[PDB]
Amino acid sequence: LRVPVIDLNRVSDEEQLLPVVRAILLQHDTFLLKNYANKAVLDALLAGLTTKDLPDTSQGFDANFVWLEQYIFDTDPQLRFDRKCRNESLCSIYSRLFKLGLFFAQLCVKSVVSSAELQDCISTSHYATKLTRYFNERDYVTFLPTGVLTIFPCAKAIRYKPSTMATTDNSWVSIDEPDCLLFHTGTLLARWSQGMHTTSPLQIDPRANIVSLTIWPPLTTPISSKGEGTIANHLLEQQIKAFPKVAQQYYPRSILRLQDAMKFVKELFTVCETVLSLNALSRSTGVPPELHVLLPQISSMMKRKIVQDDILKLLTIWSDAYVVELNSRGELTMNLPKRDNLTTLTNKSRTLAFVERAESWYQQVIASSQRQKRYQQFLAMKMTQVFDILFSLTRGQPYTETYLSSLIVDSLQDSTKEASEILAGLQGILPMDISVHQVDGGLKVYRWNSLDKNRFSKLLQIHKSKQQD
Amino acid sequence: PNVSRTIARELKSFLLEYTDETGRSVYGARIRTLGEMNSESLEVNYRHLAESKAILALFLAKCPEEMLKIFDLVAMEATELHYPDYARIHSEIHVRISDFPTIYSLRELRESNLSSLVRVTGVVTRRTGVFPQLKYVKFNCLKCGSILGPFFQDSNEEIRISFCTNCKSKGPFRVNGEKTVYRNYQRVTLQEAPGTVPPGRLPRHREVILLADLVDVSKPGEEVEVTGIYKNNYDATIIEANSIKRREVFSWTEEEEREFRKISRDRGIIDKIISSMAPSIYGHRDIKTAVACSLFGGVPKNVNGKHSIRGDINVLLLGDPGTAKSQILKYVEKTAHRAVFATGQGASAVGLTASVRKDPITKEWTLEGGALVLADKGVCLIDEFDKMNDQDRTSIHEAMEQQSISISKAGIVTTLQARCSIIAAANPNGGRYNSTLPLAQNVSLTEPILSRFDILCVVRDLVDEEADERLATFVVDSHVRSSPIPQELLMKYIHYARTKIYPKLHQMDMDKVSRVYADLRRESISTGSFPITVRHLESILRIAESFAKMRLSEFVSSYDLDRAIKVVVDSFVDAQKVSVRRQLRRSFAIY
Amino acid sequence: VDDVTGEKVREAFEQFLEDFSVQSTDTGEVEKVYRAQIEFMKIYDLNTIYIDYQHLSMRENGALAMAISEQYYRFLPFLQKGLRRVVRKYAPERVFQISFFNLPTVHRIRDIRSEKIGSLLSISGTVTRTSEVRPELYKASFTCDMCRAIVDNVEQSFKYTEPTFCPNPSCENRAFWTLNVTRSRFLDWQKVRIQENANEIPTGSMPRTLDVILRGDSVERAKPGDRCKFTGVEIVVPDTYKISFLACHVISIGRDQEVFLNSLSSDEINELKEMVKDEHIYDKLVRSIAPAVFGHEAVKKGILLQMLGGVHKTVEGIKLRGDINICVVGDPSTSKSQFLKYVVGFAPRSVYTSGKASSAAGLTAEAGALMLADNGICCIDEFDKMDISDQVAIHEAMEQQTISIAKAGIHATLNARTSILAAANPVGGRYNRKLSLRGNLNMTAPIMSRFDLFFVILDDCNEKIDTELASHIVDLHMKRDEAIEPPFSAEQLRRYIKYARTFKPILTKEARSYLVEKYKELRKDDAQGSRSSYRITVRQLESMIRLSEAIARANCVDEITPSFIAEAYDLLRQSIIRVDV
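Order-wise, the sequence lines are chains C, 2 and 6. Here the first sequence stands for residues 13 to 77, 87 to 157, 184 to 300, 303 to 417, 499 to 545, 551 to 604, where the numbers follow PDB author numbering. Here the second sequence stands for residues 201 to 435, 448 to 460, 473 to 706, 756 to 864, where the numbers follow PDB author numbering. Here the third sequence stands for residues 103 to 194, 260 to 406, 449 to 463, 499 to 557, 559 to 610, 624 to 787, 789 to 840, where the numbers follow PDB author numbering.
Just to be clear, a hint being listed does not mean it is correct.
Covered stretches of chain C (in silico footprint by chain 6; criterion: 3 or more residues with CB under 8 Å from a CB of chain 6, positions within the stretch not fixed) [what the hints assert, rightly or not]:
#1 507 to 519
#2 551 to 564
Over 12 Å on every C-beta distance to chain C, these chain 6 residues come out as not near it, computed from the model [stated by the list, open to error]:
#3 164
#4 172
#5 450
#6 593
#7 668
#8 739
Straight-line distance between alpha carbons at most 25 Å, and here's what the computed DSS-like set of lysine-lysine pairs gives [what the hints assert, rightly or not]:
#9 611 (chain 2) <-> 397 (chain C)
#10 387 (chain C) <-> 785 (chain 2)
#11 665 (chain 6) <-> 587 (chain 2)
#12 517 (chain 6) <-> 552 (chain C)
#13 558 (chain 2) <-> 557 (chain 6)
#14 203 (chain C) <-> 777 (chain 2)
#15 370 (chain 2) <-> 208 (chain C)
#16 587 (chain 2) <-> 203 (chain C)
#17 306 (chain 6) <-> 368 (chain 2)
#18 643 (chain 6) <-> 611 (chain 2)
#19 370 (chain 2) <-> 306 (chain 6)
#20 633 (chain 2) <-> 665 (chain 6)
#21 486 (chain 2) <-> 354 (chain C)
#22 773 (chain 2) <-> 354 (chain C)
#23 582 (chain 2) <-> 665 (chain 6)
#24 552 (chain C) <-> 521 (chain 6)
#25 397 (chain C) <-> 262 (chain 2)
#26 253 (chain 2) <-> 315 (chain C)
#27 503 (chain C) <-> 451 (chain 6)
#28 773 (chain 2) <-> 352 (chain C)
#29 208 (chain C) <-> 262 (chain 2)
#30 387 (chain C) <-> 253 (chain 2)
#31 326 (chain 6) <-> 338 (chain 2)
#32 557 (chain 6) <-> 554 (chain 2)
#33 326 (chain 6) <-> 587 (chain 2)
#34 756 (chain 6) <-> 552 (chain C)
#35 203 (chain C) <-> 530 (chain 2)
#36 352 (chain C) <-> 457 (chain 2)
#37 262 (chain 2) <-> 306 (chain 6)
#38 601 (chain 2) <-> 352 (chain C)
Hints were generated in silico from the structure; no laboratory data involved. Just so you know, even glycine gets a beta-carbon here, dropped at the ideal spot from N, CA and C.
Start from the sequences, fold in the hints, and give me the full structure.
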């Protein structure tokens, strides 16, 4: 994120700083230019910015819905496109910076091959100067330059969008340099330099006042060999057209490129393919693709909100693509298509196929208390319960001998009078397993730990005294 | 196995060859960048990585562990190619990668989660001091002479070192200060973020370890994110964090919000809400009013670039024994997103005074915050300041003043930033109404601190017949159990408006405020002292702005003005000694 | 063969759980069951299992149950193995913990014997001194670099070392180590030293605690100072060895289907149903509390009620606390509470805290303080000896009875619910006469405000009365013959107490109207003109609620009557006018 500074008077000879500017545009792209012939007149020019009374025809303020506006001023010489207001200082700085751009190409383009070619890019001077304003700031959506070269006076306004470019950390960067004028390289110029350039956005900043000059190649000039089929005017008019911009600019109001809805859905499909791949094939080998897990990963990745509805547009788009099963809970697990390992080749192809189907669709558009007594009887029944609990109280206590008191207490704790009573009744029913021996010192229990508790179960069942007592 | 020998290559390619966004090898840019920065820590968009090669990012998923070891080496070689002499310095560079949701929360992790890389975020609790890693334990014994050699144990066991060296007993072993490798690195208690905790479930502290560059970067009282690899290490689960991300169940929903806005249209929703605030107490419209207000918010708001003023409200709730003065705050405790109930002292944790101390017995020494840093941008809930030791009191004043908590001890010297709004229940010294004498007289705490508190809620009164009626009815009704917004609706709502809206005055008509300020000031000088202050004026502003957030108004309106004015006005009135009666006559215009 | 016999066992068991675990038909609960268990597990996929002994013992005639019980230690491997078998069979990182439950009996600690070793067992007990959970090996991967490392097994008994054999290789050894923290099975252990259940203690041999280690998800299932039941997994630890049981199944067991109380009670269940039929005994009850004391009745009552209910639960906010804290102030002992409290020694969950100098070892790291009196009074003598430390305690105590603990060993809030049977002396002896109670009591600061009731005790001789108690005492002092017998039999009482808890009073409207008037009068009446003591805050009325709850609780109705109401307000009015000094 280095920010070099040089005086243009030292760039004036062009034999000392010429390689340096190319070295930094190869790195920092956008450059910090300072102290040109215009100084206080740049501040005096603000008086003509208060106009804001003109329509479009590539001129006047661009009212766009809302607070943002762009006062574009088409160059005077071109026939039958003009709306003049006041802004004479702007017409002055147009020439004043015409020399600045004609020289800027000499400190840039001349560094490669010759400057004989750049003069053909500047000679028509057909480029429209641009004053810019905001109504009394998130208003700036991330944006790329219309012309191949844009000089502009600035305070801050600039950030750095996430990307792989200069300062690859890709957090937003807002530089503020007094007595300096930042330059911004055009998009098509990157193609002209075959990839040597870069672009940068704006962000939320207190100073709404901004100004720019996008100096632009002639209507008749081809861009290298690759642009014999695409002239600079064609491509660069394309992005400036869209934009809205807004209601009176829908003229044209059809490319094999998205009506953007399609391209976004493409991105989505990308991210989706990615993450489903991720959880499915990775997260667990056996993490099943539930829609709620889903929504997080790409909602994240997108950082945009993914809706189930979007997915239904996707399956709507590639229906072969993913299986999806609403489970109970009503959540829908999505299932990838039937071939376990989704290679990156897989989903490359898939992405392709979807693309085909969409561009196909684009073709289609183009072509078209007694409670007590209750307890009494209940307990009477609980006799049997006690047998079953005692039987097997011995057995789930792998002893079958014991301290009569002890188990008496445990079973007791399950549900003393009742307890001892059961002790008695069982003794009576089964005077075989059980003996009670009064000794000096007391009555000892005797318990035949080998007695058969199944037989004893049926016997306890049958002799409750046959429940007749 | 050596299988990976192929892999590292490919990766280095991706590194090298990578770029995007008008090219600009962001990888190369990274490398050259540090570079002389000599930062020795690499960071990689998992987006890019996954993007390039899945099986890569996957190999991260399952067994990141070795995977990084693979990674860092080829990285280093690459840097050496970039920087030939770099080999000498730092000798190694560790990648932090980037981005892996997931985002396994906190509370949600299983053994299935263990050993695999995991992303998470949360509030920095007490976090350890630093001590150099290189862990090795060893035994000098007693009878069997020495040295039993170094062992490496354990995270954290140090067990059991059974039999060695002659014997193995009874001349048994004693570790020596000489020749045992140590670590400090980064030890951090992190517990689940209070904003997001589900009701009734308590947030769970989990164990974080920091090393190398990660060490000491963070400050407690901060929700940060970290990309860890969950380790049952060892010897209990230790999150091993590769990353740290500075801040950065109920959430607004499109249908929900779209619905919501419609609700926001009506004016009386304010009252309806004020009504919605503390159903159970039967309360006081006013007491509630303040509550709602501070709850709602204010505007921060940075006057470029010097002073941000204060977007917050320190609500002095001056209670009285057996006033529910207790209960009310509890309501908000339920209510608020990030809310910290600190009580008086003694303590109901947190201790409101951040300190770094030795952990229970043996662990690396963890720097923890008071409730404030914890409640930074959240809300600080405390009562019984009279019960607060001056040791705390200084802390309080300090934050209220600076809104940031500096800490110099022991070695660590920092200032955390607690943004919490102050909500306070207090006890009029002794008697409910201590005196007709001004409240500052009628209550214990120091006026300098007090002036910091904007919203003073005084409670009353002498026994009143019908009052006793209505209330006793209310209560009785309650115990017998055995128009206001649906609470949950409200609950998202505040979070929402707080998130979205930023009201803004138009200076055009606002000037009248000043006129008011005088009309107050002068006439106010006549009786009572002072209290009136421009600070108090500012308060009025911040307040009405809260009302606009309530209005969700994005800009300022005379109604919200009327609100605030009435509010602050009354508050001041209530403060004064009984001579305030005389004052009352002039509040009519204020009414 | 042993391999084969045990394997036969394995197959048998797999067959079992595989075999229909459930015969419940029609409305059900139709089969399987255990499969269902497996699935529901797979729902959460938490990889541990709980099962009921009962079905199993039943199925085989329990010959299986037998062999299981007996050889269980031996049997474990085949078991969990077969588990893995069926899991693989019906299901798709492998950790399995299987937990039986529904064992038929309960063994006392002292009842432990060396014959029962290595077989699963059944013990319930009082938890003491829990310990932080620490990872384990289960199986550890440790071996040398020569030639190959981190062989995974054992360290089973606490050793923890080492790789047993077939080292290095080929450095064949001996050698030692090397341990992979990358590869092993951590677990658990939190361990705990639990104490035998108090009531049980045979005189005078006195309690003996034992230790058990909590492994697996049963870890943390425990709570200190709690009666809890555990599955034996018993075995031993070297020391020469010392047995230490282990725990698979942690049950905190130790309300209601008041029936199932009756069913539980069943034998008497006949008897005192009469009592329900019976009446007045609110007297006879009252005519039973502290037979010790002459008069002292308002107390005798108060205790009784304190024992009674009044309901947890709002969910708005506070579960409405049912509990009632009783304060009794008096000129000092000779009975102080020197009588009343000690008497109150006879009760459940009953914590007699002599003095307030402890210092809050109560709630140490059991709330000796409190968690033991959960659903009981901590009869805490001489709060005075609290000095300045306990007021801190009153907070949570009066609050959630949460127990906040962070020694940083953990930060843990232990909720509690325990009645407050409390006490202190007045400032200067009996100061309360002219002096205002508040501030004649002094110390409890706000926690003061936490007290629902207070009986001020002062002694003026009606040498009539003086004589009376005198006689009373004398006879008492006469070893015989004391016919001091409660209007109601005491055992009978405790039983009844069980009953009263069961009831959950309504009612509505009735008394609500009647009461509202009452408070308002109580209230206004209280306030004006002069006033005994503060305030009256409504938290009074809160008490009034609780009070009523005790009264209706006595009625057991279970519903409220303006009668009950009036009573509450009456005794209330009593305490307040008492505050007039």
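Each hint tested on the structure:
{"no.": "1", "hint": "507 to 519", "result": "holds (count 4)"}
{"no.": "2", "hint": "551 to 564", "result": "holds (count 5)"}
{"no.": "3", "hint": "164", "result": "6 Å, violated"}
{"no.": "4", "hint": "172", "result": "6 Å, violated"}
{"no.": "5", "hint": "450", "result": "22 Å, holds"}
{"no.": "6", "hint": "593", "result": "14 Å, holds"}
{"no.": "7", "hint": "668", "result": "31 Å, holds"}
{"no.": "8", "hint": "739", "result": "28 Å, holds"}
{"no.": "9", "hint": "611 (chain 2) <-> 397 (chain C)", "result": "68 Å, violated"}
{"no.": "10", "hint": "387 (chain C) <-> 785 (chain 2)", "result": "72 Å, violated"}
{"no.": "11", "hint": "665 (chain 6) <-> 587 (chain 2)", "result": "13 Å, holds"}
{"no.": "12", "hint": "517 (chain 6) <-> 552 (chain C)", "result": "16 Å, holds"}
{"no.": "13", "hint": "558 (chain 2) <-> 557 (chain 6)", "result": "17 Å, holds"}
{"no.": "14", "hint": "203 (chain C) <-> 777 (chain 2)", "result": "23 Å, holds"}
{"no.": "15", "hint": "370 (chain 2) <-> 208 (chain C)", "result": "69 Å, violated"}
{"no.": "16", "hint": "587 (chain 2) <-> 203 (chain C)", "result": "48 Å, violated"}
{"no.": "17", "hint": "306 (chain 6) <-> 368 (chain 2)", "result": "24 Å, holds"}
{"no.": "18", "hint": "643 (chain 6) <-> 611 (chain 2)", "result": "21 Å, holds"}
{"no.": "19", "hint": "370 (chain 2) <-> 306 (chain 6)", "result": "28 Å, violated"}
{"no.": "20", "hint": "633 (chain 2) <-> 665 (chain 6)", "result": "21 Å, holds"}
{"no.": "21", "hint": "486 (chain 2) <-> 354 (chain C)", "result": "22 Å, holds"}
{"no.": "22", "hint": "773 (chain 2) <-> 354 (chain C)", "result": "17 Å, holds"}
{"no.": "23", "hint": "582 (chain 2) <-> 665 (chain 6)", "result": "11 Å, holds"}
{"no.": "24", "hint": "552 (chain C) <-> 521 (chain 6)", "result": "22 Å, holds"}
{"no.": "25", "hint": "397 (chain C) <-> 262 (chain 2)", "result": "23 Å, holds"}
{"no.": "26", "hint": "253 (chain 2) <-> 315 (chain C)", "result": "19 Å, holds"}
{"no.": "27", "hint": "503 (chain C) <-> 451 (chain 6)", "result": "53 Å, violated"}
{"no.": "28", "hint": "773 (chain 2) <-> 352 (chain C)", "result": "17 Å, holds"}
{"no.": "29", "hint": "208 (chain C) <-> 262 (chain 2)", "result": "32 Å, violated"}
{"no.": "30", "hint": "387 (chain C) <-> 253 (chain 2)", "result": "21 Å, holds"}
{"no.": "31", "hint": "326 (chain 6) <-> 338 (chain 2)", "result": "17 Å, holds"}
{"no.": "32", "hint": "557 (chain 6) <-> 554 (chain 2)", "result": "16 Å, holds"}
{"no.": "33", "hint": "326 (chain 6) <-> 587 (chain 2)", "result": "24 Å, holds"}
{"no.": "34", "hint": "756 (chain 6) <-> 552 (chain C)", "result": "16 Å, holds"}
{"no.": "35", "hint": "203 (chain C) <-> 530 (chain 2)", "result": "18 Å, holds"}
{"no.": "36", "hint": "352 (chain C) <-> 457 (chain 2)", "result": "17 Å, holds"}
{"no.": "37", "hint": "262 (chain 2) <-> 306 (chain 6)", "result": "21 Å, holds"}
{"no.": "38", "hint": "601 (chain 2) <-> 352 (chain C)", "result": "24 Å, holds"}
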